[PDB]
Every structure is written in C-alpha cells, then in structure tokens.
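Number of protein chains: 4
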Amino acid sequence: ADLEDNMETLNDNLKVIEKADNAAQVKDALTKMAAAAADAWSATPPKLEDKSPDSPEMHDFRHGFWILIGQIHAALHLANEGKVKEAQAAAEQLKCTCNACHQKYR
Amino acid sequence: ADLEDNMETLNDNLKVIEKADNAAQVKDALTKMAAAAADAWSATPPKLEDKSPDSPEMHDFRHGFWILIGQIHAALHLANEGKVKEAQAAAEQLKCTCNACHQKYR
Amino acid sequence: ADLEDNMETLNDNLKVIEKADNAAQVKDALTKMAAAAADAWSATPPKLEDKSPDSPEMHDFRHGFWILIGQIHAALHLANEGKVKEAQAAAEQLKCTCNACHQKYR
Amino acid sequence: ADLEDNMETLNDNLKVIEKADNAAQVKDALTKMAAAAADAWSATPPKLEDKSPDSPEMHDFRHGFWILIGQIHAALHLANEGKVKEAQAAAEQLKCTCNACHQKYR
Ligand code: HEC
Ligand code: HEC
Ligand code: HEC
Ligand code: HEC
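Keeping their order, the protein sequence lines are chains D, G, V and B.
Position one of the first sequence corresponds to residue 1 (this note's numbering), numbered consecutively onward.
Position one of the second sequence corresponds to residue 1 (this note's numbering), numbered consecutively onward.
Position one of the third sequence corresponds to residue 1 (this note's numbering), numbered consecutively onward.
Position one of the fourth sequence corresponds to residue 1 (this note's numbering), numbered consecutively onward.
Treat the hints as calculated values from the structure; they're not laboratory data.
Cβ coordinates follow ideal geometry from the N, Cα and C atoms, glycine included.
Treat the hints with caution; some may be incorrect.
Said to hold, decoys possible - Residues from chain B that keep clear of chain V, each with C-beta distances beyond 10 Å, as calculated:
{"#": "1", "residue": "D5"}
{"#": "2", "residue": "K15"}
{"#": "3", "residue": "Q88"}
{"#": "4", "residue": "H102"}
Said to hold, decoys possible - Cut-off 25 Å, straight-line C-alpha distance, at most; resulting in silico cross-link-like pairs (DMTMM-like, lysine to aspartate or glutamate):
{"#": "5", "chain 1": "G", "residue 1": "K95", "chain 2": "B", "residue 2": "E86"}
{"#": "6", "chain 1": "B", "residue 1": "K51", "chain 2": "G", "residue 2": "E86"}
{"#": "7", "chain 1": "G", "residue 1": "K83", "chain 2": "V", "residue 2": "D50"}
From just these sequences and the hints, can you work out the full model?
What follows is the structure, given as structure tokens:
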C-alpha cells in the first residue's frame with residue numbers, strides 16, 4: 001500500500017489505543033502500527049520524490065520508521081505484559097517521532 | 001513482493017557487497033537489503049502458517065527483521081564514511097543474523 | 001557523572017548545536033549528548049527513589065535514554081553527511097523526547 | 001566500569017541465563033547486561049586508540065552497544081512474561097552482536 005494508506009492506519013490505531021479499555025485492543029493496534037510503518041519503508045514521499053534512494057535525507061526518512069517500529073514494539077511489550085496504562089502512555093509518546101518526520105519531509 | 005524474492009534480494013545483494021570495489025556499490029546494495037527486509041515484514045513463513053499472527057513465534061519472526069535492518073544500517077554508516085573494507089566486513093557479519101532466523105523458522 | 005551533570009551536558013550541547021556553523025561542531029556536540037545519556041543509565045531520579053529498581057517506571061526511565069540515543073545517532077548521520085541545517089533541525093526536535101521524560105519523572 | 005570489567009559481567013550473566021531454572025534469574029541477569037553495555041559506552045577499545053574519538057569506527061563501536069541493549073530489553077520482556085525458554089533462546093542469539101563487534105574491534 002502507498003504511504004498515504006499506511007499513515008492513516010498509523011493515526012487511527014493511535015486513537016484506538018487512546019479510547020481502548022483492554023490490553024487486546026492495544027496489542028492488535030500496536031501490531032498493525034508496526035506493519036504499517038514497515039509497509040511504508042519502500043514509499044518515497046513527494047518532497048523526496050526527486051532524491052535518490054541512498055541520499056542522507058532518504059536514509060534518515062527510512063531510519064525514522066525503523067526507530068518508530070522499535071518504539072512500537074517496546075510499547076507492544078508493555079501490552080503483552082498486561083500493562084495497558086503504560087502502553088497507552090508509550091503510544092502517545094510516539095508523536096515525537098511522527099512530528100519529527102512530518103516536520104522534515106511531509 | 002514474495003518472501004522468497006525478498007530472501008533472494010538479501011542473498012544476492014550480500015554477494016554484490018562481497019565483490020564490490022567502491023563504497024557506492026556497497027551503499028546501494030545495503031539500501032536494497034533493508035528494503036527487502038522491510039517488505040518481508042508482512043510475510044508469514046510456511047512453517048509458521050498454522051500459528052496465530054500474534055503468536056510469540058510470529059512476533060519473533062518480525063523482531064529478527066528489525067535487528068537485521070538495524071545492522072544493515074550500521075554497515076551503511078561505515079560505507080557512507082567511505083570505509084569499504086569495513087562495510088564489507090560488517091556485511092559479512094550479517095549472515096549470523098540471517099542464519100539465526102533460519103534455524104528457527106525456515 | 002551526576003544525573004544533574006548529565007542533564008546540563010544535554011542542555012548545553014543543544015545550545016552549542018543551534019549556534020553551530022559547521023558539521024564538525026554539530027557532530028561533536030551530538031556525540032557528547034549520547035555519552036551523557038548512556039552515562040545516566042544508572043541514575044535513579046528523585047521522584048522514583050522509593051520504587052523498585054526493576055519497576056516499570058525505572059525500566060521506562062532507562063528506555064527513555066535508549067530512545068534518546070537512537071534519535072541522537074540519527075541526527076549524527078545527517079551531520080556526518082555534512083548537512084548542517086538538517087542536523088540542527090533534527091537536534092532541536094530532540095526536545096520533544098526530553099520533555100516527554102520530564103513530564104513523567106521530573 | 002572499565003571495558004574489561006563490563007565485558008566480563010556481560011559474559012558471566014549470559015552463562016547465568018544459560019543455566020537458569022526460573023525467570024527471576026533471567027530477568028536479573030539481563031538487567032545487569034543492559035547496564036554493563038551502557039557503562040561501556042565511553043570506552044575506547046585498544047584497537048581504536050589511533051582513531052578520532054568520532055571516527056566512523058568509534059561511532060560504530062558505540063552503536064553496537066545501543067543495538068545490543070535493544071536486544072537485551074527485548075529478551076527481558078520475554079522473561080517478564082515468564083517465558084524462560086524464549087528468553088534463554090533470545091539471550092543466546094545475542095552472540096551475533098557480541099561476535100560482530102569482536103571480529104571488528106577486539
Ligand atoms: C506516527 C505515529 C505517525 C502518525 C500518526 C502519522 N504519521 Fe506520517 N507522514 C509522513 C509523510 C512523508 C507524510 C506525507 C504523505 C503524503 O504527503 O502523501 C505523512 C503523512 C501523514 C498523515 C496525513 C495522511 C494523508 O491522508 O494525507 C497522517 C494522518 C500521518 N502521517 C500520521 C512521514 C512520516 C514518517 C517518516 C519517517 C513517520 C515516522 C510518520 N510519518 C509518522 C506518523
Ligand atoms: C540475511 C542477510 C539473509 C539472507 C542473505 C537470506 N535470508 Fe532468509 N529466510 C527466512 C525464511 C522463513 C525463509 C524460508 C522461506 C520459505 O521457505 O518460504 C528464508 C529463506 C531464504 C533463502 C532461500 C530462498 C529459496 O527460494 O530457497 C535465501 C537465499 C535467504 N533466505 C537469504 C527468514 C529470514 C529471517 C527472519 C527474521 C531473516 C533475518 C533472514 N531470513 C535473513 C536472510
Ligand atoms: C529518560 C529520561 C530523561 C530524558 C530522556 C531527559 N531528561 Fe532531563 N532530566 C530528567 C529528570 C528526571 C530530571 C530531574 C532530575 C532532578 O531533579 O534531580 C532531569 C533534569 C533536567 C534538567 C535540569 C537539571 C537540574 O537539576 O536543574 C535539564 C536542564 C534537563 N534535564 C535537560 C534535558 C535535555 C536537554 C534532555 C534531552 C536532550 C533531557 N533532559 C532528557 C530525565 C530525563
Ligand atoms: C560494541 C562492541 C562490543 C560488543 C557489543 C560486545 N563486545 Fe565483548 N569486547 C569488545 C572489545 C573491544 C573487547 C576487547 C577489550 C580489551 O581488549 O580490553 C571485548 C572483550 C570481551 C571479553 C574478554 C575476553 C578476552 O579474552 O579478552 C569478553 C568475555 C566479552 N567481550 C564478552 C562479550 C559478550 C558476552 C558480549 C555480548 C553478550 C560482548 N562481549 C559484546 C567489544 C564488544
């Protein structure tokens with residue numbers, strides 16, 4: 001799927017996590033977030049569409065999703081352990097990473 | 001694309017890197033390797049097909065790719081700084097990660 | 001060093017970076033920030049001193065440093081490729097991560 | 001707190017994990033490993049004393065500990081979930097990251 005589908009999957013699961021009640025909610029939402037970020041790896045954003053795929057901006061772009069997935073999986077670890085409040089806090093902290101990349105390349 | 005084709009992308013680009021002469025060849029191959037690993041995120045391997053998608057086994061399958069990509073990117077940073085023998089050495093050490101997953105899920 | 005000393009080091013190098021002129025300056029400041037974060041790994045912040053050192057808050061405390069270092073190394077790459085404004089922007093965006101840990105445990 | 005010592009706590013705790021019976025042994029040992037890896041961040045290994053403190057090699061050295069600690073925490077969450085075999089296997093697959101750094105810099 002293209003970047004646009006995947007981003008809007010990222011945003012919706014962040015909200016599912018916020019108005020979540022039980023851990024299963026959060027686990028599934030976090031799992032789907034990790035896949036959407038992984039799926040967005042191949043995409044080239046429009047402002048980088050004239051860059052070559054091994055440029056410093058393009059590399060930082062992909063690296064950003066790699067950091068996001070590491071952060072998603074850590075929150076997924078809190079969800080697996082039944083820590084619903086913590087995973088939700090961890091899910092809200094993800095938008096340092098969402099905003100960082102939007103600022104630079106969106 | 002196909003998990004198989006993704007593995008072939010990793011294996012063949014490992015071959016390019018070993019034979020390469022300049023940093024740009026290795027930089028490019030490493031970048032194609034990270035892409036192939038990200039794409040394989042969505043795959044279910046044949047020996048894990050009758051496990052739950054949220055099983056500890058399918059989660060570990062993905063964690064393996066996250067570690068791989070991190071190591072690929074670590075090898076790219078050396079290539080970026082033009083240390084080609086060092087990047088090629090670092091690319092060789094990746095087969096410990098390829099193999100670690102293979103024992104488990106191939 | 002001190003948790004305080006490590007914070008002030010983190011604080012001072014953000015200012016060095018904004019006021020930098022060349023990539024070597026940003027690179028150097030970023031490298032020290034990462035060292036101060038790793039060094040803080042062992043600290044117990046005053047608001048968590050009566051918590052188990054293996055509690056999810058103390059694990060989350062260290063994890064925050066692990067995320068910060070990842071973000072520092074990502075901005076270091078842009079500086080390594082000599083893109084000083086891009087690195088300066090990325091450095092400033094680390095503050096979102098500083099703030100996140102402060103709201104929880106400062 | 002010296003590199004030699006930090007390596008030695010990493011090696012002994014990986015053996016403790018290898019011989020553990022209950023999760024509490026694994027959790028305690030993994031926790032000590034993550035701490036030793038962070039403590040070694042500042043070291044210059046003997047084979048890199050003729051490089052810039054910010055050479056691509058010295059950065060790649062520090063980066064290895066950052067990837068290691070991530071792997072350590074991922075196995076720790078398995079132990080937290082009382083999955084001792086999975087934690088033990090995760091701890092064993094850690095060798096790739098130990099060996100990779102040894103091959104390059106020991
Ligand atoms: C972290 C959790 C998030 C969340 C919730 C979102 N993103 Fe991103 N994003 C990136 C880029 C380059 C774009 C532009 C895409 C385009 O212009 O075609 C976006 C876009 C979005 C949107 C708007 C989607 C739309 O329908 O147009 C939304 C809602 C969104 N994002 C949410 C790039 C990145 C990243 C690059 C490394 C990362 C990380 C994120 N975004 C993270 C997130
Ligand atoms: C690391 C750099 C590598 C390299 C060079 C290769 N792989 Fe993998 N791989 C995984 C699984 C489950 C399979 C089985 C696929 C199936 O049977 O459907 C494979 C397979 C391969 C092949 C064989 C291709 C063929 O058609 O026979 C090759 C050449 C290959 N790989 C190269 C799973 C993983 C991982 C999980 C986390 C990781 C990491 C890797 N593989 C890494 C690598
Ligand atoms: C993972 C946790 C964490 C992160 C990340 C973090 N901090 Fe802090 N920092 C703290 C805590 C907790 C305190 C309060 C300690 C105290 O009061 O003794 C603190 C204190 C401080 C202080 C004030 C020190 C004092 O005593 O006056 C400054 C300035 C500061 N941090 C800056 C930063 C900057 C800049 C960053 C990021 C670049 C950062 N911190 C990242 C946890 C964190
Ligand atoms: C990022 C780099 C890095 C990582 C990761 C790393 N090492 Fe090391 N290790 C070194 C270096 C460099 C030395 C050499 C120190 C010296 O010569 O004084 C060393 C030395 C050692 C030694 C002392 C043995 C001897 O004969 O000198 C042991 C034991 C050891 N490492 C075990 C481990 C284990 C176990 C792991 C992971 C679980 C690990 N190392 C991961 C860099 C690393």
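Structure versus earlier hints, numbers of those that do not hold, lowest first: 7
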